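The chain that follows stands alone, in the form deposited in one PDB entry, written as structure tokens.
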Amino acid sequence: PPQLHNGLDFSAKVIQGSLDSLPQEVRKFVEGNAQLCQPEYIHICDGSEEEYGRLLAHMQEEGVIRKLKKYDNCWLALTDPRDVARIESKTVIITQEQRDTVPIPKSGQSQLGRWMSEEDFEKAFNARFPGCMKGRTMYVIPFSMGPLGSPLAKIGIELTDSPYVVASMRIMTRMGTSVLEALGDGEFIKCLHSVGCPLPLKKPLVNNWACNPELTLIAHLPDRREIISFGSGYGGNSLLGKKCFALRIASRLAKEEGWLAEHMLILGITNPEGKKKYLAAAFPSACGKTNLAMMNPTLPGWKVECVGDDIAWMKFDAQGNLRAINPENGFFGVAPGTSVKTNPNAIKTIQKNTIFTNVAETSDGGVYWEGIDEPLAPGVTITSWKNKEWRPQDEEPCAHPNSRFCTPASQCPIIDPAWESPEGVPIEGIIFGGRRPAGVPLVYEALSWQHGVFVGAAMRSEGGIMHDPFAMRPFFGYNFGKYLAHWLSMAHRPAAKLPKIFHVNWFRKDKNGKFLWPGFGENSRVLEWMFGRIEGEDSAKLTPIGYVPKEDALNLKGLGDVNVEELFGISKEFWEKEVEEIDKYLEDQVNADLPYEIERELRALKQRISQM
């Protein structure tokens, strides 16, 4: 009799599964947080189809989702307009020393992370979590990041009061009983989440979407293997396996253990000769990873296949190959801009078993968003994401710009045969890229590994303004300076077969703000060039910024009107500005934690530019 009364025994409140079936430390995790959060019910997720349909029915009954009648088992959730995206300002990492998490900025304001003390977090935690799940179900999500059972997979337990989180996590991860069995008495990442709206409600509910914007806080405690998230039900704030776990926690572990957790798509590309290579590409959010990951190549005889569109875990094998796996189980893709033109393969994926968030609904029960490129029949009407009637004449979009689809990976018609291989896929090329409207040509190749890493460090998003090194600005699990040092150390691994490093720019514009490159499926012409360069073809011309394609090295047939002078042009004047800017940025944001080799590469680039 380990108790004097009932104890912390929550058995009486279990409505799915059994606490007795849980590994000991898992049970402890549940009951400790049950005591803190005070849920009315505990639901231990098994991951079955039966559970999933019952969950969707419950949410349908609760008014939390709408069935999209035009498609097969597709659903729509509409959110509070205050809870529409992963929120960087409320995202923090707790460590003993600030500098372990983020370099100390000379300006006194860091773009590379957001550190919170243990003391401050404890106060914030205590002001948020006690009784937060009152009147709600605590769902227990046992999930594997990476192929189930594999020793490279990592397991988490997410406790959440959101059924929307459960349904999405079932798509985005491998979840259920088999995960608990794979876990045994092993280590797991502790993931705690609440929408922060205990019953009875204190503030009004908008669009049946529970959230607490004012108290929204997404915290990480890597030393405790803990992710603790409050107040948002949206994407990266709530699906804790994705950014919180597979990037922030995992990059820190990767640093300690000799691997890599990165914001990268993984694709397999096959040339007309049937030769296949795998490539990894880091672009910032909103810069087109998912379009490339799922590309339909315009060039005949070329094939692209998707391993993953968002997150990559990578490490060397015994033979020196950099091996990559997608730790996700689905795609959580931006809906607006998705079309037959921009992503035909996504269009084919998302018509069954898919959850949409903040897109518009058509009167015949279908989905709509800006950039969909499909006219509707006259008479068909649109309900916006704000649940109002909508006309193309309105002063606002029918879908939120960050509206999403959530879709099973295995459903993708071009999903790669090896997308679940526990040994991972051999990466032969790493592609960096972002939005650079000026100065940066379509593609270049790095001069060396060290130059490659410098190229990643100098990536940009948002109109070529915001620095987003390695597409990881909001995702570093630790000090950026040390992350660079970790990337640089890869060149010292004996027999390491280092991938070639490229930088792309789909976004160069002319003087009128017109895109100089067609992009999307046409980016196959760029990947072809990369493929050949990996094969060691004599197709490259040396410049101050790296190797670029020679004249006529790129297949431009079918695009005879491309302004090649402007697209591939390199200006001494522009690049002088570029180095000066990178210098100020690294001085301000990285300073004492900058590895010497990065300083050297900045000097080397400046040097080559001075000889123009």
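Numbering follows the first chain given and starts at 1. Just so we're on the same page, rigid core means the largest C-alpha set that superposes within 1.5 Å between forms. First, how it differs from the form deposited in another entry.
- Comparing C-alpha positions between the two forms after a rigid core fit, one residue in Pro494, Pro300, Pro151, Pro200 moves 2 angstroms or more. It is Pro151.
- Once both forms are fitted on their rigid core, the CA atom of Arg224 lies less than 2 Å apart between the two forms.
- The two forms, fitted on the rigid core, differ between the two forms by less than 2 Å at the CA of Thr381.
- Taking the rigid core as fixed, one finds a CA shift for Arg391 smaller than 2 Å between the two forms.
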The other form holds:
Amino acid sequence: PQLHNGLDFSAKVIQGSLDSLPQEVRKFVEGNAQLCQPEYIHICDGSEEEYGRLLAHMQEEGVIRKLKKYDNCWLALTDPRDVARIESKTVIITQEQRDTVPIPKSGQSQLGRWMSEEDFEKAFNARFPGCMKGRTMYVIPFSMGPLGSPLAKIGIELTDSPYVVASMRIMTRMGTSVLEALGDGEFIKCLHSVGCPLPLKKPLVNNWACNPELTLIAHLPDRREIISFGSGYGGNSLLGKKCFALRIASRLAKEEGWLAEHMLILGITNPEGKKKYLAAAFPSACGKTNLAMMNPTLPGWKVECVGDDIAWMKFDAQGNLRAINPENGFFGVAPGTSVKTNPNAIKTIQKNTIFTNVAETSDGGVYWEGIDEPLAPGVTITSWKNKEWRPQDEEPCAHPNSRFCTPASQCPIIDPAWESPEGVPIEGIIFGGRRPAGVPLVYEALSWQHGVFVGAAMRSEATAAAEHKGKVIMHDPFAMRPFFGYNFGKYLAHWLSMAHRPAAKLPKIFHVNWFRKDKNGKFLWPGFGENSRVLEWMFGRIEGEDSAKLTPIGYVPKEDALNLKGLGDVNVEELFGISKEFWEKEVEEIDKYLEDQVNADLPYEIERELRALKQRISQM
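Here we have the form deposited in one PDB entry; I need the corresponding form deposited in another entry.
No partner chains or extra molecules come along with it, only the chain itself.
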């Protein structure tokens, strides 16, 4: 009801009907419509006709270009200030601070950024009132996970960016059918705005609308709401990926008893016809997508991909830890992808793929550093800054965090159970990061408690994913440091509690390091497809083969236990060298980190493993 006509937005709907929306869905749409004041309201249906109209619209607006060399591939160049996640401006709103982060013993919490409701209300009222003036508010109904899976969650994202809508059609399952499955059930509320209401006060760079000064990515897990403003790039705008499927999902997983982790899922088959599934948690820009799509160099071995970034795991009635990929596509880093490193990715991104901030060749193709592919004579390269680029310049032709957005079903080695609603049984979990020194190539945990300690003690040199710089070894426990949704001490206690469940079939826990260098700064391990030799040893350990050797840090492969045939130049002494001087300093850094960041919320079982490791190292 109303006294005038200022609340009924039915006259602004250009596709769909507010009358056909569920009541709680319509309240969420009309409520924010009155606040953001959009010129139009577009209810997405996920059809090919709608996807084609948005591509044509963005091309006419100068947002995206058509890559004429491939089949339905598009290039988008963004503002140089809006190129990655902004971890510093990502906050979690809870009534009590201890719900979000463990109260630090002295320093500042590196495990999350908390903000009170009172402070966020002021930051919200200074950004969103009238932010969509003259723009179209798109309503995106999407489902994370197979539409029908028990662990499937439905979300509604409001946004004023057609680039977000197009990307969400690739990365999630979006359409009219998601609204039918929702009904009057619960959904996650997602609100996004680029923060450029018309008329524009500031001219846009590369026709990319963004507001870097007022960028804010807020999470309210008690309200099931995600509110993002100012950014339209990747993890900031695609609210169903990092904000939903990791931060909010980890909170829900703790409440409901499952797991939401920053892990890939791959299935590997041996020449004897046995197939196992593995999960691996690597930090951002550390090799997850390359591992999940690996072309193995060992004959008779095959790798199939279930997912490359996010995993939702939960025990079943039989005690098996089952995992699903809640995503629908791949949002992977472009630089470094070549026919040598990731040939299965090259086959995937040749059609129906949206590229962001990669270089364009004059014949209509893509180009980036590490592509390992020469060009034809007369072919010129246009950098991501929309400028002419020659190999003589200092700057790279593609941004380090440039991405491709391709459907998962196009991957030639996609696992036939990647859309199965029951999930795949995980028999192994892999941790690791970028360590240039000290950490051996691979080792195996001694128990479930030691394995949880291994994940909590993860460290890796700073990459180019967030906004950190410099060669600095930083802590990244479970590769979840920028994505924790609640107290990290309670996160560890949730992982340790898995060993208390009846009939539980706990997987083995391994730690790898593809990035160990020698004294020359050269990589000691070739990596990429050669990592199948490391996965071969894991496969045998899960079966129970006697190919392990006990060390002060865990189980390492025996002498002549790794298939190193063909790589006769590998320095096995330096690949598995365990220096006591290095590990005395390493445990000191882990002790100082866990004591300050977790403090009174640290489970005793984690402190016991820290004591045990330091004792075994002292006896060396």
